[PDB]
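Novice: Read off the chains here:
2 protein chains.
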Amino acid sequence: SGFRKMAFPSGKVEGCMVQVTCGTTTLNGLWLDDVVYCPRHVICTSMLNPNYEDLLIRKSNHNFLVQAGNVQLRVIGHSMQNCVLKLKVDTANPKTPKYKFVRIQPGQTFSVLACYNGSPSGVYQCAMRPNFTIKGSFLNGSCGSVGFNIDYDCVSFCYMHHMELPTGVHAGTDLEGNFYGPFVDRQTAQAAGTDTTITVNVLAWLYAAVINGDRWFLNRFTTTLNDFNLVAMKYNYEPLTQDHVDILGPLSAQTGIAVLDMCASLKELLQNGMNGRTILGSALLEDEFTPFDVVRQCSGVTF
Amino acid sequence: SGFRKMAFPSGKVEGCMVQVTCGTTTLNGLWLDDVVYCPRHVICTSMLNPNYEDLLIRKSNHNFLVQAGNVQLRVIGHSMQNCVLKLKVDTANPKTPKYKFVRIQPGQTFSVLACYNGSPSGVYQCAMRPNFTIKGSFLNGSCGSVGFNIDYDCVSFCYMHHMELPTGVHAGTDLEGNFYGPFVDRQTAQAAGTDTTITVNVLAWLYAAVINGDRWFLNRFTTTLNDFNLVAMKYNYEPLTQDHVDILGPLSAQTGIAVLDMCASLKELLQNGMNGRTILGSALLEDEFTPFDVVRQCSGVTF
Ligand SMILES: *[C@](O)(C(=O)NCc1ccccc1)[C@H](C[C@@H]1CCNC1=O)NC(=O)[C@H](CC1CC1)n1cccc(NC(=O)OC(C)(C)C)c1=O
Ligand SMILES: *[C@](O)(C(=O)NCc1ccccc1)[C@H](C[C@@H]1CCNC1=O)NC(=O)[C@H](CC1CC1)n1cccc(NC(=O)OC(C)(C)C)c1=O
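Residue numbers (the UniProt record's numbering), protein chains in the order written: chain A, 3264 to 3309, 3312 to 3568; chain B, 3264 to 3309, 3312 to 3568.
For identical chains, the list gives no copy identity; a pair is met inside one copy or between any two copies.
The calculated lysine to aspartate or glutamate pairs, modelled on EDC-like cross-linking and capped at a C-alpha distance of 16 Å, are:
| id | residue 1 | residue 2 |
| --- | --- | --- |
| 1 | 3268 | 3553 |
| 2 | 3360 | 3297 |
| 3 | 3400 | 3479 |
| 4 | 3363 | 3297 |
| 5 | 3499 | 3460 |
| 6 | 3360 | 3418 |
Hints are computed from structural coordinates only; laboratory data are not their basis.
Generate the whole structure from the sequences, applying the supplied hints.
Specialist: Spelled out as C-alpha cells, the structure:
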C-alpha cells in the first residue's frame, strides 16, 4: 500500500539524451536511430521576431556540435519539423528503445527527464494542464528535455521543453514540433490562459485514497451528473462526462463505490473544505493522477 | 523555475535489478559485480518465529533461481549479511555502476525504484522519517526494491525494502542488512513509533518557495534559536540546531533571509495556519526536501 507521485523508470530515455550547440547556445537533443531532435530555437543568436526559415537556410551541417557523452556525432543533414529541428547524424543510437511520438490531451500525465548539457539531472511526473501549460521544474539549459510514458517496453514521447511563461509555468511541443497551447517560440506578450481543475483526476485520486484506507470524506449521498457539474463549474472544475464516469468504472468496481456517490463526496469537499484533515497526506484536492495512474500504482504494473 | 519532488534518473539502478525465487517466493535482487543482494526472508516458506541460520544451512546454491531478464544466473555461493542474503553468481554484472553502500540519517531523502519480478515499475523520492519508517508505495512483490542517491556517476545505495507496518508505512534495511529502526524481519506486534516533522527540511522548502517567488509568509520578525524550539516542540517538530542553521547558510545567502528570520515565518505558520493559501502548490508545510535537494534543484546540478 501507499500512494506516491511516481515517474516511469528513466533509463530508456537517459540513453537517448545528447547535447546540441550552435554558436554559444547549448541545449538538449533526443537521439533515436540516426536522427537528433531538438528545439529549432537552438539556431537563434540575437529574437523578438526571428525568421527561422532564413536562419536554417544560412546554417551548415558543420555549424551543429552534437555530443553523446564525449563521442561527437557528425551531422550529415538538417531540416525543420515545425518548431523542432531534425539533425541527421552518421551513426544510429545503439541504445534506441522501441518508441513512438504521441500527442497527449489536457488532463493526461507523463514523466519529465530534466536534463542539462545532455546530462540527466532528475525525473518527475506532471500533467498537461487544461490551459496547455505544465507545472515543471526547468532552468536555463533544460530546453530539449522530454516528457514520456512507457507501455511494456515502448517509450511514447509526448513533450519537448521550450520555454517558461510569466507565471513560472512551462510550455513546449510534441515531438512533431507542434506546440501544446497557443504559444510560439518567440519572445512576445504571451501568457497562460485561466486554468481549471481536472475533475476526473480528483475522482481517481479519491478512489486511490479509499483503496489506501482513507475513507473520512465518504458519505451515503449520491448526486446527478448535472447537479454535480452545476457545483463543479462554480469552483473552476472541468465538466465531468459519461465518458469520465465510464473510465472510473474499474475503480468503482474495485471499491464498490459508484462514481456518482464519489461525486457527492467531492461536492461536499468543495462546499465545506477538509476541516483541517488530509487525504493521502495532502491538504488540497490532487488532480495530477489519471484513472490509469491509480490502477497502474494500486495494481503494480511493471515495464 | 518551478519546484517538484524530483527523483534521481534511475537507469544505473534499472540495469542491476534481477529476480530471486526460492520455492514459491519471488522478490527482487540487486546484482553488482558477481553478487546478488536480496532480503534473507526470500528463504521463508510457512514465520512468526523462524531461525534464519537454520533455514540458510538447509539451502543449496541450486535452490536459488536468479533471473536477469531471461539469462538465468548460476549461484555458486551464498551467505547471510545480517537481514540481507549475498548470492555469489558465476558472472559479474556488465552494467555495474560505480557504487557504494551508505546508511542515511532520519531527515535525509533518497529515490526508490519500485520493482516487481526484477522489473522496474516506477521511481519516486521519499525521506527516512524521524521514526525510521518511509512513506513509500509498495505492494506484494516489491521486497528487494532499493533506495539510492547519485553523486556525479556514483550510486550510493541506502535502502532495501522488507515490509509494511500496520499504519501503511514501510521499513527496510541498509545494503549491509541492518534495519533502519527497531524493526525485525518476522511477523510480530511491531508498530512505528510517534513521528515528528523534519524542521530543517520545512525551512529548506520555505527557502525554495522564496527562490521561486512565493513570499507571502515572510515577516519583519526574527526569533531566538531557543524561543523557536519552544514553539516547535509544541507542534511535534524536531529541535533545530546551530548545525541546521549552518546547513541553511547557502540558502540564507542566496535569498538574503537569515535563518532565524525564516524561523519567525515558520512559528507564525505553526500558530495561525496558512489562512486558505498555498506555498509551492501545497496547503501543508512540506518536510521531505533537504537543504541539498533545494540547492541541487534550484541550481540544476546534473549526474
Ligand atoms: C531554453 O531555451 C533553454 O533552456 N535554453 C538554453 C539556455 C538558455 C539560457 C542560458 C543558457 C542556455 C529555455 C528554458 C527556460 C529557461 C528558464 N526556464 C525555462 O524553462 N527557454 C527559453 O529561454 C525560451 C526560448 C524561447 C522559446 C524560444 N525563452 C525565451 C525568452 C523568455 C523566456 N521566458 C521568460 O521571459 O519568462 C519569465 C518568467 C518572464 C522570466 C523563455 O522561456
Ligand atoms: C515482501 O516480502 C514482498 O514483497 N515479498 C514477495 C511477495 C509477497 C507476497 C506475495 C507475493 C510475493 C513484502 C512487501 C510488502 C507487501 C505489502 N507491502 C509491502 O511493502 N514484505 C512482507 O510481506 C513482509 C515480510 C516480513 C519481513 C519478513 N511482511 C510479512 C508479514 C506481514 C507484513 N505486513 C503486514 O502485516 O502489514 C499490514 C498493514 C498489517 C497488513 C509484511 O510486510
